[PDB]
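Shown below, as structure tokens, is a lone chain in the form solved without its partner chain; questions about how it binds or moves come after it.
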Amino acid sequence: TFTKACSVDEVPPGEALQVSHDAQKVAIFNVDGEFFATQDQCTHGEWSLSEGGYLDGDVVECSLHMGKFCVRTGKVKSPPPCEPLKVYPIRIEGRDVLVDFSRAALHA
């Protein structure tokens, strides 16, 4: 089941947004009109990747110790993080952004 998480204008290109469902915090990223959803917690220290997190193209930088992840694959781009992010399916219908919060997946 895909759940409406936010509306598209809440996440403009180059921005991120934290959403929540059940226990789970999820970061929504808009990269040039394409939407991506990952776990919100940085895998180094669990800081929110949607709190002061710079987005440079499709690479998000954690504000705390400058760890970086590709928001497409969840793959690490710069330490201190070691583990990739969980990634969630995400779909746009009209102005609605829908995320399947039940379907977290993880590389490697």
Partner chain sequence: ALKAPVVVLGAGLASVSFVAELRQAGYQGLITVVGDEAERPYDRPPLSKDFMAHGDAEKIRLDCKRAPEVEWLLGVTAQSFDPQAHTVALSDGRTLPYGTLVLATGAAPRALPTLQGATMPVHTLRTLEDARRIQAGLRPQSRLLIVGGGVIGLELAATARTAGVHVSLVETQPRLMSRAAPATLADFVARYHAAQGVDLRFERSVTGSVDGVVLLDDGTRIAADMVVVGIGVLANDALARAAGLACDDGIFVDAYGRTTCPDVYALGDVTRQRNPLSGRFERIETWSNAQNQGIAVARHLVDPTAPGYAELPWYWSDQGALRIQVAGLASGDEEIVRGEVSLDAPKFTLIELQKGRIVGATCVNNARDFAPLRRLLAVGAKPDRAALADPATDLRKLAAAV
The other form holds:
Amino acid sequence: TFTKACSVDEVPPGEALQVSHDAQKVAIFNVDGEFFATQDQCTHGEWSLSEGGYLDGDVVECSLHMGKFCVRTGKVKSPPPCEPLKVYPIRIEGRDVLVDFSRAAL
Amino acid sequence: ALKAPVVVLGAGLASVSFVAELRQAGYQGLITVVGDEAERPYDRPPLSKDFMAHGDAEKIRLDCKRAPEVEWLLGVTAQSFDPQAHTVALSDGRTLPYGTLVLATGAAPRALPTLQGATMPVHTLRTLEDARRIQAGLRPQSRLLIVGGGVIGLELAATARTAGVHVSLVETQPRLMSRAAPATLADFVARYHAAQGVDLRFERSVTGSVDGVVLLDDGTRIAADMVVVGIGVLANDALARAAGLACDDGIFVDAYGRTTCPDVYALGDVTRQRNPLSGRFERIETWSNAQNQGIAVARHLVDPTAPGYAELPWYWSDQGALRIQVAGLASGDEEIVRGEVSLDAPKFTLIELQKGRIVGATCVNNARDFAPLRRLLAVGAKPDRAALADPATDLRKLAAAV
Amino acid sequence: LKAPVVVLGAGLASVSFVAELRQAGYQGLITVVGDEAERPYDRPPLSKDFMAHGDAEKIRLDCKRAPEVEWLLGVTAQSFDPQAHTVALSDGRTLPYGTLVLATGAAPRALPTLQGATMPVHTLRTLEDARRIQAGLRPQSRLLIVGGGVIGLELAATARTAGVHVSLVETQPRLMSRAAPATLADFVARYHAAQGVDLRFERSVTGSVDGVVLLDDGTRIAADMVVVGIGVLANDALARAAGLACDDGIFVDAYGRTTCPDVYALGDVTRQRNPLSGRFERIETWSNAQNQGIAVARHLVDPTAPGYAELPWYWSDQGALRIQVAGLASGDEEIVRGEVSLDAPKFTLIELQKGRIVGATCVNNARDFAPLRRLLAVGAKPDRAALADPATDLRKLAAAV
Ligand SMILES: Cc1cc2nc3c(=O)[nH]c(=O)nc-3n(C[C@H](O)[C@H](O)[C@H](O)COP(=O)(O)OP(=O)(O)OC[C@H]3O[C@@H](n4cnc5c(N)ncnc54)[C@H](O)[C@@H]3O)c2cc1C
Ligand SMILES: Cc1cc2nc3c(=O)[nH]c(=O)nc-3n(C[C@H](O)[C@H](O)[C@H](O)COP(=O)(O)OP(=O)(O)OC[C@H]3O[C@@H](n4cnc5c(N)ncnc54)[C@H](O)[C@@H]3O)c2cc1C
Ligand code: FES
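So the form solved without its partner chain is up there; where is the form solved in complex with its partner chain?
Let us now look at the entire complex, which starts with that chain.
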């Protein structure tokens, strides 16, 4: 069920705001105009990717161990992470940004 | 000059990181990788974390996906190589020819000789065999005695606690983590550890055991149902000294990973290289090194206009309520502090300086400072002393700008 | 081994390498490159007898055991490209090499404090670096000496005998700390002390005024001259710009190899495994240079020959003393032998480590040195009782036990 995790302004270009649906912390990023929502926790040492991390393009870097992933598929672009990020479907419906905390692919 | 065939001895993190840069830099010649362990190469750091918990060897698997058309020979030992024949004898009877040979055989743990014959179990923790074994020994109502107060004693202590084991810890130094942590952090962390259910014994010694009870030098008795020895690792350079290469508990290598032996390279824990920060040839026991020296060496092998390894040392430790990152030197003539050094909300950074220049820096639960201090390190910067201590200062605009 | 063979430097190390390459067989080309204009000479009689007579003829190395060598004398090597297999020299001449030997040794540490400071200021290492001294050691003169190192204390005692007023200030408590035993170093300060030499300690060094030499205790040390002996540093620049593994010397295995293929290194410029502690140090002696350089040449030529494997050892002539030191200065015990005498010395210190000899020392007592080197090399654990009985024959001991 799609549920509105934020606004299209809370999360601006090249930035990123977590979203804590239930206890389903979810990483939201804006890349040049497109939104891609991922699992907020780094698969290596479960550090927060939206808070503290560095999105360069569509690449999120981990500040803890400086590991790197793709925000569109959740695929590691650089270890230490061994596992890909699962990622959530995401709809924009005007000024609101929809995530269905189910169907989170991996 | 990189000449096929390429043969690597050891299938650890350095191996893996090494051959991916071989191919994923355009080298599609023959590669063979030998490892004396039987299992897909696995990341080591997660052993001290997750693994005691949800004991999954399947999420800590080194994913050698970036190394296509590599030959792995796992469960096979290398007994010897011949620098004059340019071959390696393996345990299963086979001969490996080489134009280029890479030693990346890591380091082994130096067990207890005083706990030579203990009626109780003891493990030195360095693999996904030992891992599985301690972990599964970690029951709720139980005892465990760790010997040594470095990162493995501390990291494993922490989860032993989360386990529900009443943990105590023998330390021969008057401090924990003498090898590579500022004293402030060490003194912090021990105080961290006391306030959790871990019983610390600095300055002491394991003189022996009795039946089911430990024996500190002070005659002390300790009922331990399980013991863990993390007294440190020694290089496995055995095949190296055997064949005449330069070795002093570790194999010496220059900036491209060259040994004193033509056609033979060396990477990772097994090696002794320059610390540009100190100028001394040290063994550098970090993941960080394991990988990046890995990469820097296989790309220079494929592109010689390219530089040799130059990066600066740094590592992490994730013990309990403390995500710690340490970079460069542990020692300075001045120390600067930021944040709140509390055992319940710890979130800070230490900066170590030497006549003004940053020689090092730690971060406890403060990742956002790490990267920018490391780059400051990398250019040996001497920033404004007062600004560095000004919490309104963000170290990123400082790192980034000038 | 690959011609043409090129050796950079022409000190004892290199001259022994090529003199031995030839002997060993090698009939290939060989070019040696020496920055100083001089035919290869010997350094020990520079702080010794040269100052007694001063004839360069007298302190000359035999190159006739090394026939057919293009000695480029008076030229400096500016770099080598290992990829190119070439050396760049200052005469604009290029040198292609098959095998390259770095035998550049090291240089006299300097001291800022005497940097363009009134009176003459010197270091002793080179021949030119010996006559300016020899022209300053006027029979009537004073003089001062930094560091109680092998050349400081050898020059202190060649001084005195001329009737030239020394004055030695060192930054450490005893003498000869880099290598001598503490036992040895006390007897040498009392001996020199007994010979004039106002030996000062833990006392550096500030301000020289054509009389008022430098010092932290306002002292008219008084001298027209100053010979400075504060230790030396590896000439490892070119291997360094080359990318070889260095750290105040070039790291080499027991075969002479550096981390750059086809490049070797010998003598004082190197850092090698000392088999007593098992550490890589600079072995800055006359015997290592000679011996290491021979053993590198020997295994290069013959494929089977074993690597270099001597334990350190040196000597020092200081006045009447004839000091010979073997191995490490200390262990967990020491036995003294003979006479420890002020005016007519003759004794032997042997160091032990959990009962095995690991060190020796002999002063004006050379028949005993030779056997202890022999027991020092096998790892012997002789009986300590017998070692101390002055009737025990150390040759008898060595040549059998
Ligand atoms: C429990 C633990 C926790 C750690 N935590 C951290 C951390 O938080 N942060 C950090 O920065 N670092 C950490 N490290 C350090 C890091 O894991 C090492 O720096 C890294 O593993 C170095 O790997 P390597 O490939 O150089 O050597 P290894 O990883 O040991 O690889 C060597 C391989 O070679 C094999 N081998 C050896 N001899 C032979 C032979 N003769 N024939 C065939 N195969 C041979 C070995 O058995 C092994 O398979 C940790 C290490 C451990 C053990
Ligand atoms: C005055 C003095 C007295 C000593 N007395 C004793 C003693 O009693 N006992 C003892 O055991 N030891 C003694 N020693 C030490 C011993 O003589 C040295 O260990 C030995 O000379 C070193 O051998 P080497 O050939 O490696 O070096 P060196 O003698 O330094 O020769 C190396 C040569 O390389 C040349 N070189 C350097 N760079 C270049 C370049 N770029 N191009 C070309 N040429 C270059 C140098 O100029 C030098 O001539 C003494 C040393 C000195 C200076
Ligand atoms: S937690 Fe992100 S790479 Fe370690």
